[PDB]
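Just the one chain here, laid out as structure tokens, in the form solved without the named molecule.
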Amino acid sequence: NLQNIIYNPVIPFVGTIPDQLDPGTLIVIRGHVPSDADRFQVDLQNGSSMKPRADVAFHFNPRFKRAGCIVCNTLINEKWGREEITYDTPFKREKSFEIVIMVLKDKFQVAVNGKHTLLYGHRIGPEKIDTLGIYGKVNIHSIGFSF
């Protein structure tokens, strides 16, 4: 089932994942986007080091300017890789949401509000992920894991 690690966390939030992200693992995040929000992101990291900055296996970056979009990338040795931009974004300012990230053998599958949103192939072994961080303009109601 689901096991939240925090409720109404102050943002930015950086927490350690209680178990290994093996295929089949679900990460659930419920929150709300403020009316003035420009962007926010959910980063799956290897450690919480800030200098040198910890590798980010999966960077999920919803942006709200223009028509909006979702930027996904990977950070290795403080170097970003090739961006994967998703334009059919379900996120909206002043609207609550529920993000579900499925960990599959070769990629992450993200659904928002019960509807598939995007996929992202692993660039870093998922077993190296033990930290989850949330930054930017967003209100988080809960972060949980279904191992």
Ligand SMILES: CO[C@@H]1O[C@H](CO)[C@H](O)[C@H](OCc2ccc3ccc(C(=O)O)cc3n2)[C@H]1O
Second form
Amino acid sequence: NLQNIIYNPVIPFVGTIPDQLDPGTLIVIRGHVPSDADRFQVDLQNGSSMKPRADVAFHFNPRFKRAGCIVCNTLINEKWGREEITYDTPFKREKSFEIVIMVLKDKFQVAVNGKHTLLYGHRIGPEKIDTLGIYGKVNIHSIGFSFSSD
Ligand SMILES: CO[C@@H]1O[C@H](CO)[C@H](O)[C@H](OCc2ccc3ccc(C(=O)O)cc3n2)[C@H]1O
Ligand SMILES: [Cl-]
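Show the same protein again, this time as the form solved in complex with the named molecule rather than the form solved without the named molecule.
Every component of the complex follows; first up is the chain already shown.
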């Protein structure tokens, strides 16, 4: 069911998601963390506005300092909510990954390299998400979608 919208995108990458993130939709991101990365993020956005900054329904932000972590949050009207921090991170500098974001009715469920990583409850209805941004120090081989409407 997987339709990649792009291979080997230049980062930063911002792309329109070509259908609605209905429950059962998968977002699949394959890539590699450079040796010098401090952080990168996958943002599921309401639009692509830079000024002012588009709302981010789902900010998925691996951080590499110390023992590393993943920060998840929501940006509404240019303000970050309560940080959801996962200390058990599968990401490492100079290692490849596959991220699978599963869009469920009430939350995202994220697996990396085929291992469950975290949950994140919807704070913005996922129907308002139309854009995917990838920012920071990360190399991306592919971004695709398996839409539950197909
Ligand atoms: C703790 O401080 C804030 O925490 C936010 C999540 O709670 C976010 O992770 C904030 O980062 C927002 C942000 C937003 C847009 C970005 C675009 C590019 C880059 C970059 O890493 O070069 C980084 C960018 N970082 C971070 O500054
Ligand atoms: Cl759910």
